[PDB]
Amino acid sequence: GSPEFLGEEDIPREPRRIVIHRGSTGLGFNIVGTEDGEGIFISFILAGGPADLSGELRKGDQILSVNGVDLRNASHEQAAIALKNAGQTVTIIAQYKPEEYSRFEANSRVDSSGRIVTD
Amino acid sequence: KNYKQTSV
């Protein structure tokens, strides 16, 4: 989506519902994870892809569910399968978890507004 | 470590 929380406005930390209509194309974002159970997170959103256009997602979001399927404790492959096979309309519940995400990316941290910074 | 990344 377009930028909404500007400057040092805090990024909302409650869960949100995002509905992406992508037909039979990719969603246009990457997911990262480790074990099962530590969370599936958005690491990257492709410029001009369906998530960028049709959705309101950001790097650092945890994917809580896809089309009502709970992914909070999913394995990485099964989360990828769930997303790829979700169909043309994809309803994601996401929640911004930048502290957890920041542990994946080198020299990264969370600033006072909740933004992920990489030095 | 045991880290994985995938495009969807």
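For clarity, a rigid core is taken as the largest C-alpha set superposing within 1.5 Å between two forms. Numbering follows the first chain given and starts at 1. What changes on going to the form deposited without the partner chain:
In the core-aligned comparison between these two forms, the C-alpha of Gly37 is the only one from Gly87, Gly48, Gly26, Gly37 that shifts by 2 Å or more.
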Second form
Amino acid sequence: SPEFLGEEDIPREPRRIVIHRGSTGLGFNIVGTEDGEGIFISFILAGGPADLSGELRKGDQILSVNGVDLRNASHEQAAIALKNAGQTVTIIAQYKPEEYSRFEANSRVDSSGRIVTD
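Having seen the form deposited with the partner chain bound, could you now give me the structure of the form deposited without the partner chain?
Chain alone follows, minus partners and molecules.
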């Protein structure tokens, strides 16, 4: 009888998320490349602003920050944008585990669309 969340699909459409800056940061890390192959959330800090929003996850691609398109930005550019985004940060994110799993070693996507690492 239990209805497990892990068995229902994770939405794949883009979402708007508003993050309120902590004492320093937004409470997540990103990965990316110099060629701008995408900016992805790789880590969310427990208890940090991103976590407290409850609307972001590992494997999300950051499409824009405060309207600035980051789809083809390098890690460096994206990190700069996030730092200068102010205390109220509006993010457009889209869940893309397949793309992301090519960044993280020994990682793959299961049938439920979750990212698993061996």
